[PDB]
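Peer 1: Okay, here's what each chain looks like letter by letter:
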Amino acid sequence: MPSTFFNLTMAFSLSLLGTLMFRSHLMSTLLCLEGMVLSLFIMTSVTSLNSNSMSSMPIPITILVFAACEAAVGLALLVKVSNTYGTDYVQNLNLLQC
Amino acid sequence: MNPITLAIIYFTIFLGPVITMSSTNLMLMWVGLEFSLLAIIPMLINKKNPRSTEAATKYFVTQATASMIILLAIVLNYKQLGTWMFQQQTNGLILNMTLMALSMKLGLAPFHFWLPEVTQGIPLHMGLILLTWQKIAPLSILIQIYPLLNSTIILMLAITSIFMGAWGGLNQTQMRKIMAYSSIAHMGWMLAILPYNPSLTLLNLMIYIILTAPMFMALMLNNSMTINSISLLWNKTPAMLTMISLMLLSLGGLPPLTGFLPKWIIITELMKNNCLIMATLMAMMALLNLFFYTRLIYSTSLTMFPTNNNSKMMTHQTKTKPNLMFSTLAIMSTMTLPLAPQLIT
Amino acid sequence: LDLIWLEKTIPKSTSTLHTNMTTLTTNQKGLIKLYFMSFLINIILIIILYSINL
Amino acid sequence: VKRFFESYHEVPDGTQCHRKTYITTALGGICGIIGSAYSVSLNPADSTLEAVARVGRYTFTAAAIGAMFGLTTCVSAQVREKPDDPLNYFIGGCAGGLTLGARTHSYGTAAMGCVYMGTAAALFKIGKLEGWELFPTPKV
Amino acid sequence: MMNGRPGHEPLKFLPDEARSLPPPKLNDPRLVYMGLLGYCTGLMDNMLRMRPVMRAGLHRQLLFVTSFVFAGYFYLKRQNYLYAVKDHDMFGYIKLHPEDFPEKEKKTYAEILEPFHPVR
Amino acid sequence: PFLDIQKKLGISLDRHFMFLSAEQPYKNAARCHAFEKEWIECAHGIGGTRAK
Amino acid sequence: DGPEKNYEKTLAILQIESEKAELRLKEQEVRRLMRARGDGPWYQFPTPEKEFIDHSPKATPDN
Amino acid sequence: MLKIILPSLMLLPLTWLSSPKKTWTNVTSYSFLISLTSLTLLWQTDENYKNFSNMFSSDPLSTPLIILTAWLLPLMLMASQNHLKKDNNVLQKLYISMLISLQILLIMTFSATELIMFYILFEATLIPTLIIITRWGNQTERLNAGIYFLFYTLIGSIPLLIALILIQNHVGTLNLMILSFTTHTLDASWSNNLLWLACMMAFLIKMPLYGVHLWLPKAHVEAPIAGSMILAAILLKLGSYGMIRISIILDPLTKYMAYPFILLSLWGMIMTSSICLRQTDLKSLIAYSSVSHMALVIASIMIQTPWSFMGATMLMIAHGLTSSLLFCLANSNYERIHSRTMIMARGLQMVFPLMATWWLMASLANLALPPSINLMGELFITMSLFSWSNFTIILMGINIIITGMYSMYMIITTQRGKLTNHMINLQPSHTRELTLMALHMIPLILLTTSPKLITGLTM
Amino acid sequence: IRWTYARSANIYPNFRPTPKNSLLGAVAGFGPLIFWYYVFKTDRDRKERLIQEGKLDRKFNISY
Ligand SMILES: CCCCCCCCCCCCCCCCCC(=O)OC[C@H](COP(=O)([O-])OCC[N+](C)(C)C)OC(=O)CCCCCCCCCCCCCCCCC
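Residue numbers (PDB author numbering), protein chains in the order written: chain K, 1 to 98; chain N, 1 to 345; chain L, 553 to 606; chain Y, 1 to 140; chain d, 1 to 120; chain e, 1 to 52; chain h, 81 to 143; chain M, 1 to 459; chain m, 65 to 128.
Source of the hints: derived by calculation from the structure; they are not laboratory data. Even for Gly, the Cβ is constructed at its ideal location relative to N, Cα and C.
Okay, derived cross-link-like pairs now, DSBU-like style, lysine-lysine, Cα gap no bigger than 35 Å in a straight line: (1) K104/d <-> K255/M; (2) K7/e <-> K77/d; (3) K128/Y <-> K104/d; (4) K452/M <-> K3/M; (5) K95/d <-> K139/Y; (6) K89/h <-> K452/M; (7) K2/Y <-> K82/Y; (8) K93/M <-> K319/N; (9) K89/h <-> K77/d; (10) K22/M <-> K236/N; (11) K105/m <-> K123/m; (12) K321/N <-> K47/N; (13) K107/d <-> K255/M; (14) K25/d <-> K3/M; (15) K86/M <-> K418/M; (16) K100/h <-> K25/d; (17) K255/M <-> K128/Y; (18) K95/d <-> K106/h; (19) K12/d <-> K25/d; (20) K89/h <-> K25/d; (21) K25/d <-> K77/d; (22) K85/h <-> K452/M; (23) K95/d <-> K106/d; (24) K52/e <-> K7/e; (25) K7/e <-> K27/e; (26) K84/m <-> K105/m; (27) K107/d <-> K106/h; (28) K319/N <-> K22/M; (29) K77/d <-> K139/Y; (30) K7/e <-> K272/N.
Over 12 Å on every C-beta distance to chain e, these chain N residues come out as not near it, computed from the model: (31) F11; (32) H125; (33) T242; (34) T320; (35) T345.
Using the sequences and the accompanying hints, generate a full structural model.
Peer 2: Structure below.
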């Protein structure tokens, strides 16, 4: 369990690093967000199963529900961005500096 | 927007911070944050222009990343202590990650780079809703864990927030960007007084809200997004120049306005806790904030910029736009300094 | 003194310093890639500060 | 580096000038690395070559400022036999400001840096002499 | 800091212990200034709505003054209760820990030697 | 919580599953139920600082 | 009215201000002591609620 | 004090409710009555201080400043009611409201018994003079002048607020009498030196000290006449009053910490008198003369001698009166010829004989002609400075010589000489402005007749 | 008008820092201050030394 939890924490750290280090693809950024979500789910689930906290077992499902709402809104915003520009380029999303 | 979706979106916008403030569980506080973000995105992108799309996208990814870091802190605390609240012995790394993610959600420097850009490109009422309502729930989360936070990191975040807010407000001419950097500076003050006395954090938050609301309403009177646009206000609404000047001076913290009271009492509490260097640096950067406010006052009220020919037709037309709640908030944000012992607790 | 050097010393030098600082701080490119790279630098610096403070 | 910067203060001023200069150069180099990282992240260069050139220039400038600061402060303390004197730190801060102006090629920047950094260093020496807390824990 | 005190009712505006406090005098400068602020709010609202400043909307001005005085009275009573309970807790803690608050003996100006600094 | 609406109304929306020793389905005791019960029984009523 | 009115008014004012100063210093000391070692009404940081703990017999007897 | 504060407060509803054809008359008459009421603070038949309430008190130092403020309000109205005839009614009433608010806040500031209230009213007085200068000033540079004035004062006053909160935390009440009785001697550390500088630099900025005096000439030039009057006659004296009030708890390290400021004051009064000798602007000349006189006041307060304090108080009152009079005469010439050039109008003695008499009397007051209170203050300041060090008499003598030189140069170049006959628009005289000159000169004569009123705290 | 503007408002726009005027400004702003500082410091130190050792007689100086 502690080695597994350390590996899951490092997986979250890598997914957060990917989110913070942008490339050209907003879809890839959203995928990094979903990877962070997946790492959080696995950490919460193994913690609940290790501590036998059946009362806290609804919490990972709630995490999945709200994170899927987040991903849904992100896809809708990516639809709007692609309708504006033709691509999902964060380099195109830059005209609010002035 | 049909009234059904207006009611749904506005009720969820209201319900987010309410759930966050009323929730004992960290997970329910987090889902209140999720409610606030998800519900406020469509009203940000409601005008359906490229700038609004960019603002909604930037706000979404910033708040989503910060909420993921919050969720990491919550899950790590649940792993360490088996509970759903940072009680007393949660790890300092967990608490610092919570503080950092909540500061990125709040929009204070050096996590402030999105806030003037998100505030730009959205309509004025949505800028008001953002800069007032969206900061209550993260501040409530920070207030609930005030004895656990790290004073060094909090003071560093606060001082860089006030510095960057002062410099950004000094540079910008767009009114939304000016209000956003004002928000950054005042959030810096609130964070500075957070670990010592959260009652003063709430006091400064309430003073900032009742000062920010009528300034945004006065901007909403004519959709004046620019210094020049607010400068020709003497031809459009000449009766609002005095209240504009008084509210901007109150935002500057000049006595005897009631906006001097939050900075004054925060400085007093910091002096009681022996952080004189931080208090003095914050006060000097507040003077810089007052400088860009004073330049705004010079543009709109004390001088009279040249007007247009169609402003004659605008004076021919009549308006009913300033609501009943504008003057109450303006007076309560202007002339309430003698009630300072009642305003503090 | 008055029309040259006291002005050069206190008020104009203060205004010049703050104008340079506000240009340097508001010289942003408006790119969220750069903003998030800055946020990553902030995260690393906070972790380093916590690790050295203990 | 915490115990490093604490080993800056384990010896009184005017003694171990090489150690004090080394510690101040290290602190200036760390500050220059942080500033250069922020600079290349917010305002990226055209290529990696000029990016690392800017990083090296900023790091060397800040390291030279710190080295000149520590060297001049310890030298002034040695020659005036006053380890607990804020004027030594003012002289060192003015020397660091002159180093900044020499690196930036501007006499006006040199003078402004001299005055501001000398005042900051004098205030720091006063604070370390009279027990000021920069980030105090909440007491009341 | 006073939210965690024993006997703290949650989200209670005026608890029953506040009934022990003397009420505000109802003609006192704080409430008079609150009514003045309400009247000024009414006048400013008229001027911003481009009405006559004083002779228009008398019912509106009366409602502004009345609401300001009413809210100010109840808020002032709450703040008086809060300051009273703050002083009560402070005095009780001082009485509970007298060894941390010793009565220092102030000597007269005949045994202490103040240094004299001549101005010349 | 920042607002005590649950304590004022007497309801428990989330207060009954805040820890391992809370209400559990079919009386399945979590791990360290006794230890967490002892910790909460000790820490109750004395405040955070005295509890630590 | 004469000098005694102003004299005794000044005495009353000085008594009020000296009492206020002593009270403010005592309040600072009280706040510092309570924050250092919270045992009075103030600075009582929260604690998980005792009434939400199961005490009924459970499936596993070793609880 | 409330019997002076309350009707001055009621002046504002009088201003906003009076008819537009009666506003100036009503406000001027009731402000004169306010000054007459304020004269009751001179009833001091005892060594005690008139502590009226828990937050208001009267002093032998505070009383002349309060009376001068209440006297200057109707004079400001009379001075300013000519350049507002081609002005909107609501703007005229707003200007009168600004003047009345200045008078109210200055009276409260001088009568304050608590230093935090003193600082709050300090900034409260900072606001409406900035509004007056920025809104009703004439040239383009009024905005820069207002910024300079506002931020010199603010950067001065912020460490004053920090120092006041520190002293309040250390002592407990920040009440003036409590501090005066339970004063503790500082141990002369670097922290106490910084505390001293923090609590003195705000007042030194507003005095103004030399080197930081740059806000004053442009503010006085760009200000309207009432703003120049209130500035040069009350606000510098407000800085001096703050210095006298706060200096009681700074013993003993003011003895050596006063050294740079005394040198700055003496050499700055010499430099500013030289600028008056070579100055092409009449209002700038009057402003730099004010800088030199306030430098004398700074030096007296720094050396902390009873003779110095008395001379400081007398010079404060005398310089306020004569500087307001000089500004009013210069404004009369400015409303005539629409210029502030020193050399443009020359032979005004021919056309304006009685105004030339007022000019001559104002300048003789400026160069401290005996037995006026100007010479009383300057002479006792010189006596105390010579007691402090015998070599200060050289700087004092040079300053006196240049003072007489620039005053008589002003008289000769503005009144004497051949008349500039091209100035066809020389209206003879206004009874209003002649009355204004008389209402400045007569209190100088009366205070010369009885100088015991303005001696101050020490004697 | 040109003469007044050149004497008042044009000087700082047309001022450029050179080493000569920097040296002149430093001398004219500090040298008198340092000179009178040393004069007054020497005089007051001598006076205080004489008063502390009693060698200075105050005949009738009662109001200083
Ligand atoms: C108008 C002039 C403005 C500039 C000069 C202002 C005054 C300069 C000297 C004072 C230092 C700065 C103000 C400090 C205010 C508080 C003083 C105090 O309480 O001292 C005791 C305290 C010490 O606290 P203490 O007294 O409790 O000390 C404890 C001592 N023991 C432990 C022995 C009991 O001093 C400080 O805290 C001073 C820290 C200052 C750090 C910040 C300085 C910033 C820069 C200042 C100037 C900025 C404006 C000008 C910019 C340039 C314009 C050209």
